[PDB]
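A single protein chain has been omitted from the complex, and every remaining protein chain is retained in its original position.
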Amino acid sequence: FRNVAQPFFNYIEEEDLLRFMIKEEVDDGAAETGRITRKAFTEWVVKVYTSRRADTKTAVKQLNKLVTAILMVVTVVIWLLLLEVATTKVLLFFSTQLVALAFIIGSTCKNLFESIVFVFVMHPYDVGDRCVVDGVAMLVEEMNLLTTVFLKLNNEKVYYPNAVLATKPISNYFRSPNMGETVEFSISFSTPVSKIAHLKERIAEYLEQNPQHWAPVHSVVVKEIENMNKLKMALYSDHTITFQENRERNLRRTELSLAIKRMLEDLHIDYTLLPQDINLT
Amino acid sequence: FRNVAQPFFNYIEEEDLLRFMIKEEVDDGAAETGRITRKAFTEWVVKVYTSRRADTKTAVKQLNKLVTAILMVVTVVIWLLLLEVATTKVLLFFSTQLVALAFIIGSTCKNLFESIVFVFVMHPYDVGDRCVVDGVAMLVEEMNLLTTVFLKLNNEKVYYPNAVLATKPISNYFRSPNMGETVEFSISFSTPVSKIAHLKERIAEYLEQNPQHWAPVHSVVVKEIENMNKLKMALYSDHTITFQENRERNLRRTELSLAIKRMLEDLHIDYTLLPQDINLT
Amino acid sequence: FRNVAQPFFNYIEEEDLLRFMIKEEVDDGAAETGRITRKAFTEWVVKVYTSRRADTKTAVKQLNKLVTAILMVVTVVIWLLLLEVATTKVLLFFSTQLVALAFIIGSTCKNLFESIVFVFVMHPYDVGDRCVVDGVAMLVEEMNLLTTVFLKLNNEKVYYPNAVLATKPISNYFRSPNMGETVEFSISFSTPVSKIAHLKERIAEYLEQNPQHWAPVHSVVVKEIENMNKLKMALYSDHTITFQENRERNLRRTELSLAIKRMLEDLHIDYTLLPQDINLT
Amino acid sequence: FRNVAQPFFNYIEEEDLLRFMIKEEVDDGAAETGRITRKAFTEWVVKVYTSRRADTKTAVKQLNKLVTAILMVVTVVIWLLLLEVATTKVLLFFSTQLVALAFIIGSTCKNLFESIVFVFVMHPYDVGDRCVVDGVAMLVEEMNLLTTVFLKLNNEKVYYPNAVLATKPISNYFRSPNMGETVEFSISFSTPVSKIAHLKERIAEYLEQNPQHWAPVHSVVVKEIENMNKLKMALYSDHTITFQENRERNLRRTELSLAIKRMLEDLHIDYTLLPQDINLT
Amino acid sequence: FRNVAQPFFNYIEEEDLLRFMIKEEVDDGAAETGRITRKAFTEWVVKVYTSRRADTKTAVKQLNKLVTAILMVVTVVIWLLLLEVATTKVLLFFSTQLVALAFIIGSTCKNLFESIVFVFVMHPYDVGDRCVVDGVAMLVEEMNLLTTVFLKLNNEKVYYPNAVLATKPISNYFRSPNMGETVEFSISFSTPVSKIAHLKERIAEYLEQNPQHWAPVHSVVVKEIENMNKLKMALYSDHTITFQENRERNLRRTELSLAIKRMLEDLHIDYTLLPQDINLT
Amino acid sequence: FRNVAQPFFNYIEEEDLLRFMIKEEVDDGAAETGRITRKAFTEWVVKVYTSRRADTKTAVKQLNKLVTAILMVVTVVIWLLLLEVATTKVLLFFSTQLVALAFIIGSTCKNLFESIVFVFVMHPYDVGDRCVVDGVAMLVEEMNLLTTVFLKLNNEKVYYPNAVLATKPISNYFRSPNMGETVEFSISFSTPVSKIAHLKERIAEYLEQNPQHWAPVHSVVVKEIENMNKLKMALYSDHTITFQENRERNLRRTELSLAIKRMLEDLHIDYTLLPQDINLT
Partner (left out) sequence: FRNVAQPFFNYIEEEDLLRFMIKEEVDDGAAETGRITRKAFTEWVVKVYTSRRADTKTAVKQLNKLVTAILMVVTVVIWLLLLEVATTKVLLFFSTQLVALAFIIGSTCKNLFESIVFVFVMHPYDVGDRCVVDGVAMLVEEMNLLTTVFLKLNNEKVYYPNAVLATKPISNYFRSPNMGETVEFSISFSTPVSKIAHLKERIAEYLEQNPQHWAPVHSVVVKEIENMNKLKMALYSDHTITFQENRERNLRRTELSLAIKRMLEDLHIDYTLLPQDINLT
């Protein structure tokens, strides 16, 4: 309550002035506009009080224009057609055409109301944060009522309709906990298992002495055994950032990869192709 | 019955006070609000008694706000339009616009009611458990009425609409029995069959002496015969956990894989590529 | 007829007691509840007699709760609105809102009625049997009205909505005849045709002396001729089980594969790669 | 006309007995059941005469139960609600709920009527014949009104809904003419063209001396020229069976393939890989 | 005009006999069947004159049965319900059930009317001609109102619903001009360009001396340059037939391919693989 | 204005002859056909004047037949049912069946009106021009109201429904500017960069001395660097034709490809495969 305390008063004088000239007027026309220049301004604070409650400084005011212009009609269309010109003669012709214009504007007022529920109720992002929509990572920079505007990782600008987004799973990197990496690598199946044990102990020591980039808990995983030739391995570890910071994620993971590369060849681990027999005729 | 025993009384005094000033009032207006300041509070306990029956401490109260605000209207709209201002003049104009706002809000009240059936009736998960939605494993951490919030295995946070989830098969790892592994490996077709018999007997002995990780019953399976060169094999066995514990599943299966690797080379089993003839010109 | 012979009587005394105080009452209110505390209990045995006819001990009683609660309304809503408070004043306002709540609950009562036809009329499975839904084999363990609960071959538990299942082809391994195998293998194109004739005669002798696992009728098939190098062959034979018994199917087919492997090398059949010319510069 | 000649008489006595006590009764109630215990039995022979016209001995009688139970209602609901209890008071309340239960049962009476047109009008198969639905060959063994039951080539049993089948192309091997084979093979591009001419003449002689399996007309086709290395060829010929006989088709085509294999090496035709230059450093 | 000149007379005598006993009858019942045993036979020639206009000798008469049986109802249902038993009492009950049976039979009368527009108005084929539906070539042999029956190139018989065909592109080989071939072949990149010029001149001479199979205008096209190793080429030419004649198309194109094969090796053109360096350790 | 100046007169005499015998007739029947043999011929010039405005000489006249036959009904059905036989008795029965035949013919009058907007308003092609629909290039040769008839590049004739085409992107080669080529080629990564500079200067000189086929502006592009082995390059240039002329495009691009081929080997550019180490055991 900040402005309703002083602006609802501007409807309150007319709430006083429709009780004034009803007793002095009835000791019908000007009697019946005083309650319709009031029925608007009471329908006007139900706007401003149920819209000083609400999730975007662009879409809240593109919404305010929308309910103002449909409550500056259901005042007027009940002023003339329900309070001055007498009822039930033209009151049931415009309701064919009102019902007729909901074969035209009906499906696109359906998409406007599903976009208001996506933006204000479901609310999966704010301006400024990096999101994933199909597998495409995209930064938000404008939220309108019918469209979100995104930037891609190459800075290309995308216009996406909010009613199509309202049926999809959306990721948000800004609202996430600190996120995890994968680095994969392959070694020879005939690596001794004491060298796989020294490799694991040496990975874990690299991550303990870099606490500012990596969390301490990790795992080294064997994923496949191929042709009795190849072990496919992976390392799982945790960042101290999310993937909101795209450039910093790529740089820290480049440096982890080049450190694994150096451990593998201090320990004399490699990979070799399967031998081939040749029958020479 | 805990609070209805003392809060239904707050409707009961008004059930006494509408029988009071009907006899003293009829030895119409204030007669006709006493049954509408009652018709609400009887429609209010049908809320609180059919909602102290119900499957989320966030969604039960986001639901309570929803039926409270539509039963704080079908009290008022039958107070004014069916109990004070006399009927059948404005009683059949608002029902065009009521029918008109179900070309707007109709499809999105359809998705709100399908999301309430998914959450409270179908109920496939609770907060805290790991689920699979397309092939993506995802931990639940917030259940709302229109959206479930998930975390992925890299801790990325996903906002998924509940009306799209209500048409899909959903797995739940927490509600499962103890789950099974597969480890695949390939050996040479000309492996003698006494070495395949020693391999099977040595696999089964590893699983019997590790009862805390593996169940005793398992099977070793030949899946293909390729080019008279390669036998493709698999081992099926059972965990003593489900896949809810993701990090522990990967670690126990890494250790099973490195044990198969060591059996295969104690028994001198290998795999070799097919020979090649060379005609040298 | 077991309980209807003694429980329809509890409606029959009220069928006697509405003919009693109609003659003593007419030598309107208490006259008009005696036929509505009867119209329920006659609408109650049409429940219990057309539901002691029916295909799940969980879904029959989750269904009984559903028709009981809509026949404990179309008693009451014709008691008050068609037998006590006089007609055609409020009788045509609630039928806007009744028609209004079929933009909300209408599509989800459509899916409830398609799920009752799938479960009770189409009836493709029972609890306990192994089924195939897309290519995924799945054991049934709970049939509800809106959801079937499955277990996969790794024991992961799946919640599948019955209205999506009602549009798919569903296999049932339990209701099947004894099922057939395929084992494929490849041999060299320049295998003499007297060795293919000894191979066929030796396959058929293995299947005749194992009658407890294999049926006698089978076929050995040539499927492709490749590059004048490779014959792709298959063996088709029949189990004495269905694929309901998953672990036993895999074990018996592993033993057939290792027996083919031993026939092929008693007969000196192999496969070789195409030769290569080398021009040495 | 076999049973209608003697069973329409059982409506004819009541056609005589409603003309009897209309003149002796009018020299209203028992007058108005005599034409409704008649209006059924005339609506009963329009059943039995337009259903002794009709394409399955299971589905004709699952259909007879269906129209009997909706003509044992539109007798009764015009007996009570249009011939005894006087009109236009309850005659326009049940038609809200009748219109209400076509938001529930309406889409599933839509699928029941599309399944009756598929089974009886479109009629693409009978019980006992082998059909192809997506590329899957399937034998029919039960035709119901809502589901067809199939067996696959491994004897797995499939339950397929008839309303999904009614939108697909369906093949029928039993209703087909005698069907054609393809056998493909590859030869060397530098095969002389007099050897391709002897091969064609020797294929055609094999098919003339086996008239009981193969038709005489055939074609030998060159499909591609690859890398100036490989000619891809095919032989097209005709069976004296359809593919209804699955096991016999596979056996006769295995024997054609092994005969092509023997012609190719009597004529000294082969295939060789492209040569390779080696620069030895 | 052949039969309407003598069969419209059989309605004309009743056009004379309803003007006869209206003056002798009015100097109401038998007055009001004479105009309904006329209103049919005038509605009967509007059938036979607007159906002796029309595109299949099976579907025209399966259609004639369909409009005869709905004009042998809208005679009777306006005879009894609009010309004998007096109006507006039962005239507005059957129109609930008439409106009710268009939730049942409505979607399948929608597919019957879209199939009549496909067959008679869009008309993309006749019986006997070879068509392409997805990439599958198929000969037409029966056109019904709801289904077309096809044969494939292996003589398998397909039942295809006409309402699914009405949304697809359909090719017709019989209605086409004479159609074109492609033969592809690959040569070595280091082929001199005077040999590519002799090859083109020798292709064009083969096509000029075979005018009965090939049109004179053609083109020889270079499609790719690969790895400075391979030129991918094609020859485009024209048949003197369409692809309706499937067996003759395959035979003439086999003979063109074997002639290209012989030109290429008279001109000493070939293709060779890229050389390989070997470092021998 | 050419024929409306003399043919609207044939309605004008009847505009004079309905004002004639209204004063001599009223100093009701023949009074009420003179305004309905007029209401047609005024509704007839609104046809011929709003259809001498309109984009196909086949579809304009297949359209003229369509609006003539629905304005030769809404003359007659307001002649008999609104100007001779008196109103509001049969005026509200045919409007059930009129509303009934829009469950039958309603969806196919929806596709007829979307096809008229595609053909006359959207208008993406004319007869005679080459278009691309999915990636298939197709020449137009007949435009009807419900179907376009195309020819493919092999002269196969396609019947495509206009309501499916109205939802797709359609290319038009005839309405295009002069179109561009791509020729790709690969060279060795260790090509010196002075040879890539001479190649570019020699490409550009070929295009300047052939101005009748190629525009002067072009670009030579490096697209990938592969394995430090291969540069993948492309040349982009412009035709002086569109791709309407299919045979001429293929011939001019064959000659550009064979000219690039000759530049590359005057400059001694090639491509070689990566070397291989051999450890000889």
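By letter and in written order, the chains are A, B, C, D, E and F; residue numbering begins at 1 in each of them.
What we mean here is this: a contact is a pair of C-beta atoms (placed from the backbone, for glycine too) under 8 Å apart; a residue touches a chain by one contact, two chains touch by 3 or more.
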Query raised in the report: Among F:21, F:76, F:85 or F:91, which one is in touch with the chain left out?
Result: F:91
Query raised in the report: Given the contact definition stated above, which residue among F:5, F:30 or F:121 touches the chain not shown here?
Result: F:121
Query raised in the report: Which of these touches the unseen chain: A:98, A:100 or A:217?
Result: A:100
Query - Touch list for chain F against the chain that is not drawn - result: 74, 82, 87, 91, 95, 98-99, 102, 106, 109-110, 112-114, 117, 121-122, 124, 132, 166-173, 175-182, 189-190, 193, 196, 219-222, 224-229, 231, 243, 274-281
Report task. Spell out, residue by residue, where the missing chain touches chain A. Result -> 89-90, 93, 96-97, 100, 103-108, 146-147, 151, 153-161, 164, 183-187, 230, 247, 250-251, 253-254, 257-258, 260-262, 264-265, 269-273, 275-280
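Just so it is clear, only the chains that are shown with their structure count from here on.
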Report summary line: Per the touch definition, the chains contacting both chain C and chain D are none
Query - Rounded Å distance, chain A centre to chain B centre (Cα mean) - result: 22
Report summary line: Between the Cα centroids of chain A and chain C the separation in whole angstrom comes to 39
Report task. Could you grab the centroid distance between chain B and chain E? Build each centroid from C-alpha atoms only and quote it in angstrom. Result -> 49
Requested in this report: Enumerate the residues of chain A that touch no fewer than two other chains.
Outcome: 275, 281
Report task. Using the contact definition from the top, classify how the chains connect: line, ring, star, complete or other. Result -> line
